[PDB]
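The chain below stands alone, shown as structure tokens; this is the form deposited in one PDB entry.
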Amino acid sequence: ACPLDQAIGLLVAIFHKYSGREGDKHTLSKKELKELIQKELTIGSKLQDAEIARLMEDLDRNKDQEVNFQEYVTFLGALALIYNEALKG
């Protein structure tokens, strides 16, 4: 319940909010991932369909069409680095 735990908890809750909708409840399908990106991230709302499709491919490291929690965490890490760098310039 400490500050960092709560932040991490939010990240985890958002993943499952979308991953549990269809197919494997533990992975994000293209549809689930696109919705998560568009509704949960500011940059997601700025991206156009073509850009999102390519971004999702890059996130799908093992190219199995699904984004598991590990792949999602990698995405979060990248977003955090971008965030830190921006708030730095």
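Throughout, rigid core stands for the largest set of C-alpha atoms superposing within 1.5 Å between the two forms. Positions refer to the first chain, counted from 1. Compared with the form deposited in another entry:
- The two forms, fitted on the rigid core, differ between these two forms by 2 Å or more at the CA of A80.
- In a rigid-core overlay of the protein, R61 has its C-alpha displaced by at least 2 Å between these two forms.
- Relative to the superposed core, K39 undergoes a Cα shift smaller than 2 Å between these two forms.
The structure above corresponds to the form deposited in one PDB entry; please provide the structure of the form deposited in another entry.
Here we give the lone chain, stripped of any partners or molecules.
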């Protein structure tokens, strides 16, 4: 597949890996989203960074709210901005 098609396939795969764990496969809880981020990304060395810590805390504070696919992807974009080296500057 083309690079972007590959990217989307992976986004969908990881979403379903966690959304399929409990209830409706169309959503996952913010608690489950926090777990997903910590396990699926090599983010361990960056969790204390001021901006990433606030994103992670927001998830904890709203742990029982559900997240659909659209919101999950939007979230990944937000994280990428403060997590991806290429997006610095």
